[PDB]
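Take a look at this single chain, the form solved without the partner chain, given in C-alpha cells.
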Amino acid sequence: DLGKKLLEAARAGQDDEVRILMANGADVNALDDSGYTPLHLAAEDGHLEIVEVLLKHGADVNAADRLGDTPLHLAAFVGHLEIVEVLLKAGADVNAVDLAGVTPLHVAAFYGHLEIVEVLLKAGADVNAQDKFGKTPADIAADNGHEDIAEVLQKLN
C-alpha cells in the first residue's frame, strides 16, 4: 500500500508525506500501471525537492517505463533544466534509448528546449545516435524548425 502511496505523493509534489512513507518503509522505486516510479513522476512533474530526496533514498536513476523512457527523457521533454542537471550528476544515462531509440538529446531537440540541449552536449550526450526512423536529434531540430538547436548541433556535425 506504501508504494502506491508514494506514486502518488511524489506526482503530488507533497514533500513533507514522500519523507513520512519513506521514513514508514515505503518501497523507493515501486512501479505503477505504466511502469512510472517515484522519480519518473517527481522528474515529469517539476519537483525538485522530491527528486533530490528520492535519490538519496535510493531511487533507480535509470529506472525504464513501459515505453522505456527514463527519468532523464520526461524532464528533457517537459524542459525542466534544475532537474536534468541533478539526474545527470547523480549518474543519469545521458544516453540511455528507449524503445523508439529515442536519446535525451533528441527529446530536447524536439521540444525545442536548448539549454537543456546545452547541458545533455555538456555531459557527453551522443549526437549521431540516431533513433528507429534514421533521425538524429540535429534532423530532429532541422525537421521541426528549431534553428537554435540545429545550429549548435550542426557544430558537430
Second form
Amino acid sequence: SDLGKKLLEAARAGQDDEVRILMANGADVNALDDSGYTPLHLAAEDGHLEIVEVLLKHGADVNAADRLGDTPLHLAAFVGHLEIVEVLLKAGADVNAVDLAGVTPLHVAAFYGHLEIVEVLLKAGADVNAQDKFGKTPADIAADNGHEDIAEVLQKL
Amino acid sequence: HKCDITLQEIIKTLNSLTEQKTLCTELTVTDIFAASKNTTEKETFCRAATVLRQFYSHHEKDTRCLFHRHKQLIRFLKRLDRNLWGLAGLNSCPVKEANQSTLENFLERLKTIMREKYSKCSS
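Switch from the form solved without the partner chain, shown above, to the form deposited with the partner chain bound and output its structure.
Now the complete complex, all chains and molecules, led by this one.
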C-alpha cells in the first residue's frame, strides 16, 4: 500500500500531523516494510514519543518483531529513549522479548549503558539470567563493555 | 541449505550504506580487516561493529557532517550495528591496528565478506 509506505516515512520523520492524516485516510497502523519494520518500530527508534502514543492508541502491535526478531522495545532500549520504553511497557510490551540473536531489551540497555532504562526494565520484570546466542547475560555484557555501575546493579540480583 | 535471514538484512543495510555518497562517508576509520590474519569470524565482526559503533556515536552530533543525507547514514549505521548482534555479539573488541580506510571502503570490505558468506546458501 502507498498509504502504508507514506505512514512508515511520516513515523520515521516525526511528522505528527501527517501520521494522523494518513491513519484517518486509510493507512494501516501495522504497515510492514520489506525488513519487517512497522510505523511503531520507526517512531520508537527515531525517538518520536507522540507518534508512538498515537500509534499505540489506535491499535499498533506493541510486540511486532522485524525480520531479525527485534521489537520496538529493543529499539527504544538501543537508542536510549527512556520515556518511550516506559510507554511501550505500559502498553503491554514483552519485557523479555528475544530477537534471533538471543538478545533481550535488558541485554541492549546494559550494553549501551542506559542505567535508567535498565532500572525500568528490571521493575517491569526483566530476566537477569537471560542468555544470548553466546551464553552471555546482561550483567556479563555490562561488565565486559565497562559499565560497572550497571553490572553491579545486575549482579546483586 | 536455507538462506540466512540475518545475512540477508545485513546485506540490504550495506547496499543502502554504499549507494549514498554522503559527505562524511569519506571520513576514515580503523581498517580492522588489515589486522584479521588468523582471527575468528566472530572476532572480525566484533572488531568491525566496535569501529562502526564508535563512528556513529562520534559523528551523530557532528556539525561539519550536518543535513538529511547524514541522517540516513547514521540511521543505517545503527541498523548495521543491530544487524550484527547475532554475528558479532554485544561486545567491544578494540584493535591496535594503525591502518585507516574511508568509511566507504571499510563498508565495501564488509559487504564483500557478507555477500560471499551469503552465497553459501546456493550450495
